[PDB]
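Chains D and E with the ligands: place on chain F using the hints.
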Amino acid sequence: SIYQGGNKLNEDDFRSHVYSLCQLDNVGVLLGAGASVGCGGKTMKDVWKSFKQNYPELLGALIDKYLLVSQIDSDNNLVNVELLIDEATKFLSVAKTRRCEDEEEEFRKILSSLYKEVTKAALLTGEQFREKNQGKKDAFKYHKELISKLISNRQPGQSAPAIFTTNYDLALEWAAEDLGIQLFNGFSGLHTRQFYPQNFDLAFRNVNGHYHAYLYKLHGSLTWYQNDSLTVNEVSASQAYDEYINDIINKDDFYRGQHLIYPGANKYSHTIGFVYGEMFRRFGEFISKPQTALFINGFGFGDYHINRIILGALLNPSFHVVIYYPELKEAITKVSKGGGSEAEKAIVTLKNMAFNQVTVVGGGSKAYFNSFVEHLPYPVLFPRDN
Amino acid sequence: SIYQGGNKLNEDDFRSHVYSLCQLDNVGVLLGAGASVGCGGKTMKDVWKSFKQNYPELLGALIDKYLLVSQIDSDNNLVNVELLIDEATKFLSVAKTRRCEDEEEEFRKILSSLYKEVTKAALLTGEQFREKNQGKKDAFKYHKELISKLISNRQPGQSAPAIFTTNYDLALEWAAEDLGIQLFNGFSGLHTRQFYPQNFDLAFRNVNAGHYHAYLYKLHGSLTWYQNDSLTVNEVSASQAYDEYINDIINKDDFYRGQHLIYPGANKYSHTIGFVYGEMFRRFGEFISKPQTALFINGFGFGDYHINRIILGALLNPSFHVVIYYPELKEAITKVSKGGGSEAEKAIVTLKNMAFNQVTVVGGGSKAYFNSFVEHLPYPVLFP
Amino acid sequence: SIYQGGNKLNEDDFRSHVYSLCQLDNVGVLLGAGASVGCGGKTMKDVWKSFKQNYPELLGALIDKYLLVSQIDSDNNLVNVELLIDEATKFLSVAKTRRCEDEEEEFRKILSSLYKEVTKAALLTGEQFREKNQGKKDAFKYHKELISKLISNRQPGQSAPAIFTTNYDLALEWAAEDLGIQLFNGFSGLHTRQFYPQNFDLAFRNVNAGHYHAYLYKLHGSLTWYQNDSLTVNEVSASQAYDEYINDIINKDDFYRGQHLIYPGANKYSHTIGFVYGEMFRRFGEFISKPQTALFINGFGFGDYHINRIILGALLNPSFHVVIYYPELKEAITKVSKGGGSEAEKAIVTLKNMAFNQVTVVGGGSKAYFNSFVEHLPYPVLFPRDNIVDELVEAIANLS
Ligand SMILES: NC(=O)c1ccc[n+]([C@@H]2O[C@@H](COP(=O)([O-])OP(=O)(O)OC[C@H]3O[C@@H](n4cnc5c(N)ncnc54)[C@H](O)[C@H]3O)[C@H](O)[C@H]2O)c1
Ligand SMILES: NC(=O)c1ccc[n+]([C@@H]2O[C@@H](COP(=O)([O-])OP(=O)(O)OC[C@H]3O[C@@H](n4cnc5c(N)ncnc54)[C@H](O)[C@H]3O)[C@H](O)[C@H]2O)c1
Ligand SMILES: NC(=O)c1ccc[n+]([C@@H]2O[C@@H](COP(=O)([O-])OP(=O)(O)OC[C@H]3O[C@@H](n4cnc5c(N)ncnc54)[C@H](O)[C@H]3O)[C@H](O)[C@H]2O)c1
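Residue numbers (PDB author numbering), protein chains in the order written: chain F, 2 to 209, 217 to 394; chain D, 2 to 210, 217 to 391; chain E, 2 to 210, 217 to 407.
Among these hints, one or two may not hold up.
Covered stretches of chain D, as calculated for chain E (at least 3 residues, CB under 8 Å) [stated by the list, open to error]: (1) 135-141; (2) 172-185; (3) 192-199; (4) 202-209; (5) 231-245.
Under the rule of at most 30 Å between Cα atoms (straight-line distance), these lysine-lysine pairs were calculated in the BS3-like manner [claimed, not checked]: (6) F:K50 to E:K91; (7) F:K353 to E:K110; (8) D:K133 to F:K353; (9) F:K66 to E:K110; (10) D:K259 to F:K359; (11) F:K9 to D:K150; (12) F:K91 to E:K110; (13) F:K117 to E:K275; (14) E:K259 to D:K133.
Worth flagging that the hints you see were computed from the coordinates, not collected in a lab. Where a beta carbon is used, it is the ideal one built from N, C-alpha and C, also for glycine.
Isolated chain F (complex conformation):
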C-alpha cells in the first residue's frame, strides 16, 4: 500500500495520478528484467544455476583453486555474474601478458559456457521458437495492449511514447505487425540490412494511418553481432536460430565475442560498443524534459549508470517519476539493517529525497507488465459537460 503521514491511501489516487501523467506532454516506459517473466523468462540466478549444473567441474575448481565465489555467499542468495565476466577478461589479459597456457582452458571454457547459458535463458519457447505464427500466441498479448494504448493518446503537438526495455528476450518486435503498429526497429531492405543510427527521425504524417512509436532498448539485442567490419545487425529470429545459435550451443569453440551484448559488471570494460553512449544519451536526455512522466516497471536498481544518471538530473520539478516495487515492507526492513547492494541504496534517496512530487508504488507480484499495461485507460472522445 501507500502511506502518507501515517494514513492509508486509496488506489484511485494513484490511478488518477498516472492518468494525468499520461495526459502530460511526453511519457516513457522503463522495462527491466520483469518485462517478460510469465512468457518463460528466467532471472540471472537461474542462469547461474544452469551454468553450475551443466559444468560442475567449474564450480569445483572455483571452490578449490581460486574461490571467486563462496558457498556461504551463494546460500545468502547474492551471487553476481556481472563481475565474473570482467574478472575472467582481466585474468585473461594478465595471462596474455604472462603466457600461462595450461591454465587457460578452464577459464576459456567458462566464458564459452557462461555465454551459452546466458543466450539460452531468453528464447522462452525452446523449439517452438523456430516456427512461425508465434506472434499471435496468447503470451504476447499484453505487449499488443501497450503497443495500442500509448500510441494513440497523442493529440497534435505531442511526441510519441518512449520504449525503454533492457532484457535479452524477444517480445517487442513480434506484436508490432501483428496489429500493424511498427515499434520502429530501423532496418531497411529485404536481404542485406545494415544498422544506421542516423535513422532517429522517423515519423509518419498524412500528406494525401499516422501511427508510430519509439524503440530504445538499453540492453542491445539477443541477435546483435559484430562481423569484424565494425557493424551491428538484427535480422529474423529463426534465421539466426538456423544460422549461428546452434554453433554456440553445441560446438563451444574457442569463444570470440560472436554476438555482442554486455551483461556484465563494468560497461566501460566493454567500451568497444558506443551504442551504449546513444542509448544512455537518450535516457539522460529524457529525464530533464519538463512535464514528462516515467512509468518504471522492473528497475532492478543494480546497474550503475542508470542509478547515477537518474537522481543526478531530477532537480527540476517538471519531470515526474514513480516505480513499481513489489516488496515494500520487506525491502524497508532489510534496508533498515544495513542496506542491500551498492546501487539499490539509491531507493533510500527517493525514500527521503526533497522532491514532494513522487510516492513509491508497490504491492507485490501484482505490479508487472500485465497490470502495468492494464491499469492504463483508453482515450475518450467527445467530452461532455455532464
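Positioned in the frame of chain F, the structure of chains D and E with the ligands alone reads:
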C-alpha cells in the same frame, strides 16, 4: 490568537495568508540563532557563562580595578559582549596611549580570551571539522528540505529567493551538497575563496535548451572569514581552516588579535577595516524596498540598532509585507510598556503596534521555531 | 618551413588565415603531452628514468618473471606508465585471489615507488604547494591572459568550445579561483563534496543581460581526486592533499595500503572510477555531434585503444580539420632511416604521405615559441599598448 492592524486571523486563515504571500514574487528569511542553537548551538549568554567559568583569575581584580559589572548586575543577566568588546578595545587604546604596561598585558589577555569562547564553541563538530561526509549528517536535514521548498514553487519570470541570517552555525552549505543545491554567498573558488561582486550576476541555463539555487548573505563573518591584515580578505575550506590558524587558538591559550574577521561587537564601526558590512546591508535595505515582497523572521528580538533603522522605514511602501516569529511577544510588550527596553523591545513592540496589517505574527512557544518554518512554506499542488 | 595542404602561400595570407581561424565560434582542442613541454611539464621518459635510478633492480626481474615490458622499449623509454600501473594492479588482484604473496610484495614496492616518482612531479611547486595564490607567478600569468584573449573577443550567446590537455595539474583550479570563476565539474560544493554530473551541461548567465564561465572537463582526473571509503568521489582544498596523502607519496618510503587514489587511471576495472573517467569522454563525444569538430595530435604513442577507437570511428568525417604540432620530424627522419622509428612515428609519417589538404603543420624552429603563440592571437585595437602598470606597482610597493 493572531492579530494585524486590528484584524483577527486564525490558524487556517493564517496558513492561507502565508501561502498567498508565498505566491508573491519574493520572500525573505531570518533563520535566527533559534534554529541551530536548539540542535546543539550556543547563544551569546552561554558563551559569556563559559568565559566566566574559564579564566577564573580576573573576576576578583576586574570587579575591583575596573568594575565593568557588579554582582547584582551579573545576577540580573544584562550582559552583552557587543559593547564589552568595544569597551575593551577603547580601554586598551587608552592604555597604549598612556603606557600602563600592566593594563596593556591585562587587556591583551582580555581580548585574546574573549575572542575564543565565541569561536571555539561555534564549530559544532569538534575535531571532525577537518573530516568529510559531514553534509549527509542527520543534524542538518531540516536545512536541506527547506532549501528545496524555496526553489520548487519558483515559476519562470520570478527572481530567486533570499536567505538573510548571520549566526555562527556552519549549516547551510552543510545542507546544499547532499541535495546538489548551489547557494551563492558572493565568493568564488575552492582554494582561493574571496569576495567577488562579479559573482552576483550568475544564473543557471540549459545549453541544450536539474538546476537549483538560492541566496546566502552573512552579516558578521564566517568562522572561515579572515584576512592576512594586508588588504586581503580570504575564506578557506573547513579542513585547511582548522589546520592553519584555528587549532592553536582553540587549544594553545596564546595571544590573538583580529585574526579572522568575526564581528560580535556593538559599535561595528571601530573596525572600519572591515568593509564587509558596508556592502551586505546595501542589499538588506534594497531587499525590503520592493512592494508585494515579504520577509520572514525566525525568533528575533531586534537588538541591533541598524536592523531597526531600515525596516521601520520600509512599511512606507504599501505592499511590502513582513513576518516575524516570536513566542514570548507578551514579555516584550510588557517590558516596552514599562519603559525599560532597548532597541529590541521598543522596535518589536512598535512594529507590532502599528495600525497597519503588513505585520504578520507567529508565536506560541516552540510553534514559532524552525519547525513551523519548514512546515508552512508551501509546495505546489496540482493533483491532490 | 610552412606546410599547408601542399600549396605554398605568402606570409601575409598565412597570418591572415591563422588570425581568421583563431576567432572561430566553435573550438575543439586536444593537446598532447609534448605540446605543454614549454610550460614546465616533465615527459614520462624522465619519470621512468628517475624511477629506475631510484630502484634499478626492477627491470631485469620484471622482464624475467612478468614480461610486462620489452627490454628495448624500456631502454629507449617507450613504455606506458599508466598502463604499467593498471597491469600491476591486475597482477596484484590476481595474486590476492590466488595468494601469490611472493609476487604481491614484489609488486607493492615498485607500485609505491612509481607513485613516489610520478606524484612528486605533477604538483609543479614542491614546498610552495601549501601556499595560496601560487598561480600569480608571471610565467603562468600569460595563461590567464590567454583565457581573457579567449573571452574578451567573444560575442554573447556563442557556442561552448573545449580544450583538453594531457597534463592534469590543478593549476587550472588555482588560476580560475584567483580569477573568481565558479566551477561545475561534478564536485559542486566546498565542505563535504560529491560527484554530481548533470551540471556538466549547464552554464552561468546574467539575469539582467558578466559572460565569464568555463566548463571544467578534467577527463584525466586530478591530483586531489580520491575515492574515500564510501563508494563515491570527493575533492580537497590544496593543503588537505599536500598534508594528508601527497606527503607520504613524496616523503615516506613505502606507505602503500590499498586502492585509493584516482591518478593515473588506477581502478578502471572497478565500476566507480570507470564511471568517474569515461563519463567525461562520453559527454565530450556527446558534444562532437556537430560537423565542425577540431582535433590536435602531439606525441601520441598509438598504444591506447578507446581513444584510438573513437579516432577510427570519427576519422571518416569530410569536414574534419587537423592541425599537428611536432617540431621533431627533421631530427626523426634520420633516426627512422638509420634504424627505424617507433609505431607512432611510422603511423604519422605514413599519414602525412596522404594527399589531404585538411592537415596543417606549424614549424620554423624559433617561430614555435610560446610567446609567438601569444602574439599570434587576436589583439584588441582599443587596448592601451603601453607600459604604465609596472611603474605604478613599483611606486605602490616602495611606500612603507
Ligand atoms: N549499448 C546498450 O544498449 C547497453 C549499454 C549498457 C548496458 N546494457 C545492458 O544494460 C544492462 C541491463 O541488464 P539487466 O538485465 O541486469 O537489467 P534488468 O533491469 O532487466 O534486470 C536487473 C535485475 O533485476 C532482477 N529483478 C527483476 N525483478 C525483480 C524483483 N521483482 N525483485 C528483485 N529483483 C528483480 C533481475 O533478476 C535482474 O535482471 C546490462 O548491463 C546490460 O544487459 C546495454
Ligand atoms: N556583518 C556585519 O559587519 C554587521 C552589520 C550590521 C550588524 N551587525 C551586528 O548585527 C547585529 C545582530 O547580530 P547577530 O545576528 O549575530 O545576533 P546577536 O548575537 O547580536 O544577538 C543575540 C543572538 O541571540 C539570538 N537569540 C536570543 N534569544 C533567542 C530566542 N529566544 N530565539 C531565537 N534566537 C534568539 C538571536 O537570534 C541573536 O541575535 C549586532 O547587534 C550587531 O553587532 C553586524
Ligand atoms: N589509456 C591512455 O592511453 C590515456 C590517454 C589519455 C589520458 N590518460 C590518463 O593518463 C593517465 C594520467 O595521465 P598521465 O600522467 O599518464 O599523462 P600522459 O602524458 O603520460 O598520458 C597521455 C598519453 O601519453 C602516452 N604515453 C605515456 N608515456 C609514454 C611514453 N613513454 N612513450 C609514448 N607514449 C607515452 C600514453 O599512452 C597516454 O596516456 C591516467 O591513467 C589516465 O587518467 C590515459
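Structure-based check of all given hints:
no.: 1; hint: 135-141; verdict: holds (count 3)
no.: 2; hint: 172-185; verdict: holds (count 7)
no.: 3; hint: 192-199; verdict: holds (count 6)
no.: 4; hint: 202-209; verdict: holds (count 8)
no.: 5; hint: 231-245; verdict: holds (count 4)
no.: 6; hint: F:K50 to E:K91; verdict: holds (28 Å)
no.: 7; hint: F:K353 to E:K110; verdict: violated (37 Å)
no.: 8; hint: D:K133 to F:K353; verdict: holds (20 Å)
no.: 9; hint: F:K66 to E:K110; verdict: holds (27 Å)
no.: 10; hint: D:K259 to F:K359; verdict: violated (46 Å)
no.: 11; hint: F:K9 to D:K150; verdict: holds (25 Å)
no.: 12; hint: F:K91 to E:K110; verdict: holds (22 Å)
no.: 13; hint: F:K117 to E:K275; verdict: holds (27 Å)
no.: 14; hint: E:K259 to D:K133; verdict: holds (25 Å)
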